[PDB]
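The chain below stands alone and is given in structure tokens; this is the form deposited in one PDB entry.
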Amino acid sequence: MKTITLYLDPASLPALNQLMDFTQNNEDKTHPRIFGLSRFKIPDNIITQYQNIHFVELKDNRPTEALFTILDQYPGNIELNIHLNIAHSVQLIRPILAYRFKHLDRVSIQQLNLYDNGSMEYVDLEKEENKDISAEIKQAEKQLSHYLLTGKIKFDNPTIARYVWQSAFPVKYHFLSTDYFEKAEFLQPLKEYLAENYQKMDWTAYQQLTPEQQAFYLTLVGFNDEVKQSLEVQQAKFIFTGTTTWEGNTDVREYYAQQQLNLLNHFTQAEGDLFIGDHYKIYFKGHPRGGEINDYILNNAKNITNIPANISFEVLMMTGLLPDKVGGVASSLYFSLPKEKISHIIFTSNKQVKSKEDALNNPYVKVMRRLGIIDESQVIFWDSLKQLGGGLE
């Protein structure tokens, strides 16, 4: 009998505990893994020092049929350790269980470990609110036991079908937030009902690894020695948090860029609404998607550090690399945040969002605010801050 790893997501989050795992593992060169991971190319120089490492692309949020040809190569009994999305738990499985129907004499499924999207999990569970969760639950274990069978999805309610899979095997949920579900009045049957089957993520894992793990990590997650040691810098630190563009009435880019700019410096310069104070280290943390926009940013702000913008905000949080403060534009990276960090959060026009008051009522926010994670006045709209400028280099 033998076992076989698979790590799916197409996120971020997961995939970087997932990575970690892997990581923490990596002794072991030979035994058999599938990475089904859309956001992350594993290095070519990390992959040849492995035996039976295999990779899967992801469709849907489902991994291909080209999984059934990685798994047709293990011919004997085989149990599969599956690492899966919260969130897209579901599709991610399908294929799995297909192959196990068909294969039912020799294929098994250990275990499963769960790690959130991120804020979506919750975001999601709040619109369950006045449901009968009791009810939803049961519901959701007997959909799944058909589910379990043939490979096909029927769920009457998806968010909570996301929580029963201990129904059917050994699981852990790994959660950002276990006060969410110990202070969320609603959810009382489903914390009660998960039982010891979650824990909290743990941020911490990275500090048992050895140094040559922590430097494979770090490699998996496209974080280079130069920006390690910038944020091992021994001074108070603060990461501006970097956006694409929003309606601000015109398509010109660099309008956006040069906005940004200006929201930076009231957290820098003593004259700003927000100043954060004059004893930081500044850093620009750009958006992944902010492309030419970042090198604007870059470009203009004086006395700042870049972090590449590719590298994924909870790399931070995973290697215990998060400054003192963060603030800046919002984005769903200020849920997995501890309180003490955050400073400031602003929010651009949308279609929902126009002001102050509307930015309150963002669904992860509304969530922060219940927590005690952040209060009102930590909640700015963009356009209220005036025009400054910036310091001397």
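Between two forms, the rigid core is defined as the largest C-alpha subset superposing within 1.5 Å. Residue numbers count along the first chain shown, from 1. What changes on going to the form deposited in another entry:
Of the candidates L187, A205, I137, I276, the Cα that moves 2 angstroms or more after core superposition between these two forms belongs to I276 alone. Core-superposed comparison between these two forms: CA of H266 displaced by 2 Å or more. Superposed on the core, the two forms barely differ at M368: its CA moves less than 2 Å between these two forms. Once the rigid core is used as the reference frame, the Cα position of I293 differs between these two forms by 2 Å or more.
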The other form holds:
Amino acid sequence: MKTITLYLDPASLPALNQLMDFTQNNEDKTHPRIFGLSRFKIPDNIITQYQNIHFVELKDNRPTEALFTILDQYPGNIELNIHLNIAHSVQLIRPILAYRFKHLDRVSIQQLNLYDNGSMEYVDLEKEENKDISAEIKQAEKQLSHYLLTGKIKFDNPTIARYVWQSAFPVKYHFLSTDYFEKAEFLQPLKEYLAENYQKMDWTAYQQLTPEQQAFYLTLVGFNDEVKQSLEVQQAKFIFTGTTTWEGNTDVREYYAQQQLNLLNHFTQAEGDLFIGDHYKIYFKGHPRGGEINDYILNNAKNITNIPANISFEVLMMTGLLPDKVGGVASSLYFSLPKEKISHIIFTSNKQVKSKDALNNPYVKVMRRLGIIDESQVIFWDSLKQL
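Write the structure block of the form deposited in another entry for the protein whose form deposited in one PDB entry appears above.
So it's only the chain below, everything else dropped.
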């Protein structure tokens, strides 16, 4: 059968790993490929070098029907090599299964490779701490069978359903935290169930690439030479990480901008509660969707070096360019960082958190369970004095 590789991800981390897989296989210029990476654009100077390369929009975390137009161009027997975001795997594969239904004679699923979205998978797993995980797996497997037979989605445990694909297809899972699955006691049944179908995320794959493939990869992920040089000075580095807000209200976005500037000052100013000392070069890493929030920092701070905000932070993990220290507002990007590199992580007030909620939320709990952070490194945003 002819193999078609599908790279699907609405987010960042899976895409980063999928673009590594493409780079590792980039000598094959005609292997059929379909890219559905909402946050990444393959430069046309690379697209033109490949044949049978296709692109599909994602909408509501699934490929659009435009996928069918692509697959119709391959009228023989086809086996699908599918790369997915774990958290969104059920929706991402939905149009693929629908197409297979219409072409059961010639379309088969060869294998799945699944990659963590980031913190969201582990948080979601925390909320299942009190469940009979062994029973949830069996039910999820049963309901995955119904999905595969009817095309209709109904999971009593949508979270555990993300981890039962091996009951249907050859699968390999790539986890940001293998420790979590091995340390969390309530997850022991799941760890044993997954058996030899998971592995730790290949963060050091970039180091095994060829010199030219390394440059290939950096072009795919938007990390140009100028930014690289900046993060290679022989100086103690601290990177301040920013955040964003859904709200459109100018007013509110302005408050988030003013408050993130204040948080920066708590790290970098001597009177600050989070002062890291005088011996660090300071970088700012805005949130990709920060918009004016990011401009507020650069326009009103000083002695800071900007790292373009649309770069996914996790690139620095995939490339070995992490700083000595990272600090800022809680983000998925922290789940993937070494413990000794964390200064302080700050939390924003919302529905569940109106105080340093005794750290009774899953995010901190996961991090503490894994030992990435201690209580002294958790900060509630509103408790910080206005400097």
